[PDB]
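Scroll down for the structure; my scribbles are underneath it.
Up next, chain A:
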Amino acid sequence: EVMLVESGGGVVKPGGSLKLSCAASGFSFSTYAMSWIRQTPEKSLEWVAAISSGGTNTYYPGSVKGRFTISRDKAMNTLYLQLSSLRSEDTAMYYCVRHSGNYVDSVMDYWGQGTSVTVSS
Partner candidate 1 sequence: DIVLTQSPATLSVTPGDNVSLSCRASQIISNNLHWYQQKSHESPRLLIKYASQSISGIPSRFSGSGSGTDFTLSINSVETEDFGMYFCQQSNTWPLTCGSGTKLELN
Partner candidate 2 sequence: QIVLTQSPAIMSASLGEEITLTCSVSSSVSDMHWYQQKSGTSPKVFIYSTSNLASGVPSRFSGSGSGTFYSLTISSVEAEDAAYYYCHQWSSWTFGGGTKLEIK
Partner candidate 3 sequence: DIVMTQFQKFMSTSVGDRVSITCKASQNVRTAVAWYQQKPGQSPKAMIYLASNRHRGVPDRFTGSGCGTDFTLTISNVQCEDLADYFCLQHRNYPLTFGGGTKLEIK
Partner candidate 4 sequence: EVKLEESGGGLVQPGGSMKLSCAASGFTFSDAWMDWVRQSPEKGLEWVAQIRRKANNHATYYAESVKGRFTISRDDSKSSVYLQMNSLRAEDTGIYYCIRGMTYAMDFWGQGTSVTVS
C-alpha cells in the first residue's frame, strides 16, 4: 500500500541549508497534490509548503516565503523541500503529507513518518 518515508533531516547551523526528500511508493504519483507539514516541539502543526498535482502551483505561508522551495520529481518518484537561510524557530519535525484530489483543497489522507531538523550550534 501507500508508504511515505523521508530523508535528509539532521543538524544544521543557523544560516545553513538542508534538503529533505520524500520517497512515495504505492500509488499513481502524479495525480495527487502533496504538501509538507512541520511540528514545533510545543506540538502545534502548520503548513510550510504545498504543491498542486501537475506541479504548476506552489503556496507557502508568510513566515517561510522565499526561503522554502518545494519541488516535485516524477522520474525518481520523490518530493523535495529545500530549506535555506534557516532560523532558530525552524526546529521541528517535518511530515510529508498527501492530499486526496488533484489540488491543495482536499483532505490530508496519508502522512509520512517525520524527520527531525534541529537548528543549533
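Note that in this section contacts are C-beta pairs under 8 Å (C-beta built on N, C-alpha and C of every residue); 3 or more make two chains touch, one makes a residue touch a chain; residues count from 1.
With respect to how the candidates were assembled, all candidates are chains of the complex that A comes from, given by their letters.
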item	value
Chain A in this complex - touching candidate among 1, 2, 3 or 4	2
Touch list for chain A against partner candidate 2, complex	43-47, 61-62, 95, 100, 104-105, 107-109, 111-114
